[PDB]
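One chain follows as structure tokens, the form deposited without this ligand.
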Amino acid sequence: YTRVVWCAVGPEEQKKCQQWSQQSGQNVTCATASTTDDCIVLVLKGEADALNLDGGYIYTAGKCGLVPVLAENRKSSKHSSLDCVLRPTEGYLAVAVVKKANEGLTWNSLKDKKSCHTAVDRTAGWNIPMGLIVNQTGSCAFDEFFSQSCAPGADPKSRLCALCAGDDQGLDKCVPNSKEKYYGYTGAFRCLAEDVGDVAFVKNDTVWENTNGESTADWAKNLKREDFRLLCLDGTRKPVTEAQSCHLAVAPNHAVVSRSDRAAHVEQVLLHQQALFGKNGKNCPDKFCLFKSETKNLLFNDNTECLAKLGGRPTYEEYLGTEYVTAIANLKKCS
């Protein structure tokens, strides 16, 4: 009854979760759905217990009564005394990234260009840049701004999915899961690296982790950081070292959500599971690492050091922050 049912989004996450379930001696077991929204429905129905979510998905889940349990914490700079599990999270930087060779593309000349998004409804990929664009254009027709896009989750016949590529067989175009070649932070950055799009909306860490040999994956292995620039809201372009002064927003960290009635038990099982399979886990890398997936960010971001306790038993609006919840609410007025 202490068994926790994780929800895997698509078949790559399902494989990873089945490995975790075998290694955990079924203390964790797996349900799978094709999209994050479908996993949120399985948790609402009580057919799964928990999954990790981007902050835009935490807004969907929290409007439905699910609660944040633990947050991803990556490597920090201040508070190094404090154990990872007890350290306040820092947010991550939402950025707009372009190629250096695409000279004279700036924030102010994005109209009619090609865009790459992590997925509809996600923080850096969609809520932050589209919220900003709707506000600045004074128009809700955000499906007409870029000439073509990959925005997984949108209608596959629309311009918002025109650049999406589907799976190895070219099926599942635009699905919001890792089967879509251009899904998520890594897929939207690959869409820009391959010059399918002109801009990608990702986070600062994705640029660094997929350049300069930080990834050995085939499409990333030869990318150089200096070949990219960030688009700043004042119309300037900066090197990717300057994200602290050239971002679109600071996003709340991805976090595990559950029904309120199972939160305490999900929390206790995850704190034990990361002791085993987390960053310096007893059985990681020997048997299984919960926070690696060959850069694919399956079930958790690969840069995750631990899942950390939340201060103040926060509601989902307190965890997201009032600035971000208000930004989302305004954007969702459009559709």
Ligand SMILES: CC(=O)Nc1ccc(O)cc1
Contents of the next structure:
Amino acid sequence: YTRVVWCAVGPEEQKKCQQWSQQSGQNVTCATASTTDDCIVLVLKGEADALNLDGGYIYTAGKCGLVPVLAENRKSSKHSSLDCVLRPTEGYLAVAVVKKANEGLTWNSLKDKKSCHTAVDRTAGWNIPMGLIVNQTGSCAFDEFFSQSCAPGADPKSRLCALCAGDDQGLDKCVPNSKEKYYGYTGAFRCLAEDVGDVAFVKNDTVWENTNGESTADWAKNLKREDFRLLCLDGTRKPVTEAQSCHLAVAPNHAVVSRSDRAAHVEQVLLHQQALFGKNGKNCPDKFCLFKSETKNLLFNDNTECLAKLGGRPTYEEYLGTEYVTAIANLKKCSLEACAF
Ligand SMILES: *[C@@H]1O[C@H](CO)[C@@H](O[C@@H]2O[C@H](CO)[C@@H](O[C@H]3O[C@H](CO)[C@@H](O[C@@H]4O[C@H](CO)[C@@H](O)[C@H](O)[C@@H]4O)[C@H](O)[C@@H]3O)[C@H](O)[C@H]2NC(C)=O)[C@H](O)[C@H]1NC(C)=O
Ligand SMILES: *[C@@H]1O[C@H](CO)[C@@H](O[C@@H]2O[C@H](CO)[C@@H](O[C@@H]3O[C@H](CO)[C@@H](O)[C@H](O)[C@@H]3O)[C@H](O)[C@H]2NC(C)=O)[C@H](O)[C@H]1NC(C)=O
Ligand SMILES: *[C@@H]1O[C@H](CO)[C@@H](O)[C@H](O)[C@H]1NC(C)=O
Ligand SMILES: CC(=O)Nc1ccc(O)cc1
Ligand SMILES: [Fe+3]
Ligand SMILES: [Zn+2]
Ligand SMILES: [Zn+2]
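Now show the form solved in complex with this ligand, given that the preceding structure was the form deposited without this ligand.
All chains and molecules follow, beginning with the one already shown.
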């Protein structure tokens, strides 16, 4: 009851959950699956209680009757006086990033280039940019737009998985979990930085956290913000400082989801868990920090200040917004009330 089973996606999230489990006195416990979808099925079955999902997955989960419980809240400084847990969520910016040196690459010349995506079905990495691209070409053949990609979760023998590298020994190529080298926000940005792809579809924060010494990871130590450009929809290129005027969309924050009938209890445990291991928590940075994992974004994004309560006890459609929800429905016509599982 006052015991929550968290669902970890892959081995590194499993290991981070184990630590949290150990530290919480097993007030929190762990289940592991190989993909986010499998984790969603565990929650549906009642074998896991919760996990923190990107908005594209919140849409999947929502059709299956899962609900948003609490949202990631970022360190942005309006609503000055208001406590993090009560502060409204601001959303993040979906951007398309390229190298400066790749001159004359703009939004209007992306066809046949090489792309890096966080994973199939994700907001900044997939739903937004592909939604736009299908919209613009009036075609559903989005698997033939780019010449090669790393899009975790696509068919390992498609050109959408050609740029993916798998793990330390080349296994698990293109799995939508952190064993894939180029998975997630930092994986997709690394794919661009290493010059495997021509463009990466990530969020604004990813560029900042992995350049100018902010990272220290070996592939990122020498990366410089000036060496990157954002692609705007008007066909221009701007410095990464112009994200407010050069983005593809504003995305709803990642949120914790649970089965409706478990929402209340998952909420109370987690609010208590962040008091202990959150940003200014009793036991962070002393014993354990929930929101840290050295730019790996394990379980939660590394930039999370706190998990915030959601205004208007919203449904999943209200949490995602009509704008975004219609964008997804239209894109999914290419592959009605439903639930995939
Ligand atoms: C696009 O994304 C980036 C990354 O999230 C946004 O840039 C961030 O803006 C924040 C304000 O909204 C900055 O907040 C504070 O960060 C720290 C807090 O201690 C302050 O000093 C920092 O010290 C740490 C050392 O650990 C460094 O990481 C920082 O470089 C900095 O020196 C800082 O003065 C500030 O009060 C945050 O620094 C900043 N992130 C970075 C890495 O520069 C950006 O706003 C966003 N833009 C849009 C359009 O949304
Ligand atoms: C790709 O193109 C599709 C088809 O045009 C886009 O879908 C459309 O998106 C707009 C923008 O939100 C919707 O407009 C809304 O119309 C409803 C009326 O049903 C109204 O209540 C709102 O005030 C708003 O004007 C529109 O409904 C929707 N069209 C439909 C029904 O399919 C889609 O947004 C495009 N994809 C991307 C990523 O932009
Ligand atoms: C877990 O058990 C109870 C229930 O909330 C609580 O009082 C206790 O502080 C928790 N312990 C930890 C370490 O989370
Ligand atoms: C469209 C949109 O983001 N709506 C929304 C976001 C957060 C929330 O707590 C309630 C509603
Ligand atoms: Fe996301
Ligand atoms: Zn905008
Ligand atoms: Zn409502």
